[PDB]
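2 protein chains.
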Amino acid sequence: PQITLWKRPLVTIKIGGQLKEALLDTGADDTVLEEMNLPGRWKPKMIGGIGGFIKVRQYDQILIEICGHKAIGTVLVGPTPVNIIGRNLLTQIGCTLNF
Amino acid sequence: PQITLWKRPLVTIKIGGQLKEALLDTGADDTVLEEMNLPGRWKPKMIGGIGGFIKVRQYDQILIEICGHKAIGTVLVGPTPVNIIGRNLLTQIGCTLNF
Ligand SMILES: CC[C@H](C)CN(C[C@@H](O)[C@H](Cc1ccccc1)NC(=O)O[C@H]1CO[C@H]2OCC[C@H]21)S(=O)(=O)c1ccc(OC)cc1
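Protein chains in written order, with UniProt numbering: chain A, 1 to 99; chain B, 1 to 99.
Any given hint might turn out to be false.
The list treats identical chains as one, so a pair stands whether inside a single copy or across any two.
[Unchecked claim] List time: in silico DSBU-like cross-link candidates among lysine-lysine, alpha-carbon distance up to 30 angstroms: (1) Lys43 <-> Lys7; (2) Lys7 <-> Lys70; (3) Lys14 <-> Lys70; (4) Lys45 <-> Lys55; (5) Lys20 <-> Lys43.
These are calculated hints, taken from the structure and not from any lab test.
The shape of chain A in the complex, shown without the other chains:
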């Protein structure tokens, strides 16, 4: 589809058997999800933006379905105020900026 930017580009995603709303974020190198209890091993990480840094847990090879498009890659989980789909997964679903 085509998504305009009048409002926040929120879309439904499916991860770990749960449906969630997430932001298609071309400014996010990586995908950062709100706190959730995923299984498997993880590695600590810190990511920075406006306001400073937050601590997150890096999970690798996590399947996410974004508007019916399947993608698999690294997913960070931490105290983010918003679910954020980053470029690592946006590429896998063929997402592009256009103007």
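Given chain A's structure and the hints, the job is docking chain B with the ligand onto it.
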């Protein structure tokens, strides 16, 4: 143009007669630029990112050129890690997401 997301969507912008590099950021409601001198009046404002809130200078109705596309709107100037172009200006240049 059509922009894939395998690399950061960085572009050259023109503001206040100066050229700069900025990130097209669909996850940003507003445009936030690094510290710089801009002509005209400004009023203090606060914005929140993933790491907390920062103090910024709000410049209204600022002319800014993004890849030869003109925009006029609000520009926030503060300690952001990166020059980011938010939806307030991406809409002015007709920017959409497509997959
Ligand atoms: C360094 C580039 C940019 C600041 C990075 N951010 C993605 C943004 O899209 C962020 C994503 C975001 C969106 C809402 C709340 C927290 C973060 N939005 C944002 O900060 O926008 C601010 C400016 O306009 C306002 O509108 C929203 C907040 C304000 S981020 O959230 O901090 C981030 C996301 C993934 C990362 O992986 C390495 C690293 C950093």
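Evaluation of the provided hints:
no.: 1; hint: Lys43 <-> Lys7; result: between (34 angstroms within a copy, 24 angstroms between copies)
no.: 2; hint: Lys7 <-> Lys70; result: both (24 angstroms within a copy, 20 angstroms between copies)
no.: 3; hint: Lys14 <-> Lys70; result: within (9 angstroms within a copy, 38 angstroms between copies)
no.: 4; hint: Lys45 <-> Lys55; result: both (6 angstroms within a copy, 26 angstroms between copies)
no.: 5; hint: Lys20 <-> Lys43; result: within (23 angstroms within a copy, 36 angstroms between copies)
The structure meets every hint from the earlier list without exception.
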